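A.B. asks: Listed below are the residues making up each chain.
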Amino acid sequence: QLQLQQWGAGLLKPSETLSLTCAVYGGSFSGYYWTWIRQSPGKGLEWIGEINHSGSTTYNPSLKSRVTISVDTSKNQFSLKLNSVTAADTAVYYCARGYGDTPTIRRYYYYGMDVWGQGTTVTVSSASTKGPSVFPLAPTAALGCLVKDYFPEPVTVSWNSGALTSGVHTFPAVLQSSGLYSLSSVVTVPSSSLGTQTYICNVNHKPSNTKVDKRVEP
Amino acid sequence: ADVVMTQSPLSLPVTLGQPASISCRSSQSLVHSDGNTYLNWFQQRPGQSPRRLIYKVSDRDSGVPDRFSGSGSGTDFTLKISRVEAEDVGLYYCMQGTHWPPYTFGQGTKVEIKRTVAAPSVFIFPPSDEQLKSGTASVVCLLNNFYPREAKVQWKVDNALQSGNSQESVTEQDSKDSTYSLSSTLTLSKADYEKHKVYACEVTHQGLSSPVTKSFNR
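These protein sequence lines are chains A and B, in that order.
Residues 1 to 139, 148 to 226 in the authors' numbering are what the first sequence lists, from first letter to last.
Residue numbers for the second sequence follow the authors' numbering, beginning at 0 and rising by one.
Honestly, I wouldn't trust all of these hints.
Estimated spans, in silico, between C-beta atoms of each pair [what the hints assert, rightly or not]: (1) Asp-75/B x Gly-8/A: 38 to 44 Å; (2) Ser-169/A x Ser-72/B: 57 to 63 Å; (3) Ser-19/A x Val-116/B: 45 to 51 Å.
Listing some non-contacts, in silico: residues in chain A with all C-beta distances to chain B over 10 Å [said to hold, decoys possible]: (4) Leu-11; (5) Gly-112; (6) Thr-173; (7) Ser-201.
Calculated from the structure, these hints are not laboratory results.
No residue lacks a Cβ here, since even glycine has one placed at the ideal position from N, Cα and C.
The whole structure should be built from the sequences, with the hints applied where relevant.
C.D. replies: Structure, rendered in structure tokens:
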């Protein structure tokens, strides 16, 4: 079957230009529209634009003033450039195979958003790299760790170096108004385990070389 | 004028093995001048690209289980799952390929696993003494292992209801017990924290016949 592999930087600052590329394998480069689509929690799925083998583009009217889509037939690749980005452009971006590029193919062939790239997670933010401050949430009992004010994603959170996994909930990161992320991780344990067992949250943030082992106790 | 695609319901809890039905209406006829009706359905499993299940209303993509079927005409469309199985949890979208640009998607339907009502065990956590030095305070309210998803938290500080000073996060449905957990995070500018004494969050859920409250003071 046809396969699409995509790449490009996903961590951007406002006013930068998003630049993604998609390579095509396992099928002809002709016969159908090369397509870009994005997905964000807020707006769902949005068609950005398309291009054919011959270089003819069609864009989404709400984006057309900031979109360029191009094709390189000597490499079976196609590209997206989205200029002047803001936080509102934060999304997962996909390349895909569109409908047949003639009336006949469109009418009689199965093609039409049926093959997709793996996606590129794109975040737009003015923030510089910052490591988290880690605070304990002290106490069947519950306890955990507040992991505050970091950029970029992700942090990794474990408990007692991976030994503790049962009853653990690590919440998804929230973007704070400051432009930095925050999350919490919690565990429930038997109340009788407090006098016998020690709990430590291990929080790693590779970008800032942050490594914190925060004990959580009564 | 862009074609509006309206899916229903936004959330669909299904009992395992039971049928499931997703609606999609368009604001304009989807019948194309070439006589075809261009309506597709997608399944998206977490962290993966959308997968096309159905194209041109009722044509099933190859490799797709026959428990999936699409139907309808004109402006009214329906995806049906005869027997919902474990691997069918996730997001489903319709897409019209008749009027473009732009192609438009539905806002998505989240298929989740229905189980019996489970009340949240609630825990409240005070700001840490280590955090208060940074000139800000965070009070966390935890609602653990509850079903269904729909919950309500209200912050009380000196018995005053708060507004807009809190962010929520939810876990994905647990793989083993099918429950949720939720964090509520109270953000205070320290001065507002020491100014008041008694802290409490009040959780309202289906599983509780009456709002439960955890508390502390300092």
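A.B. asks: Quick check: which numbered hints come out false for this structure?
C.D. replies: Violated: hint 5 alone.
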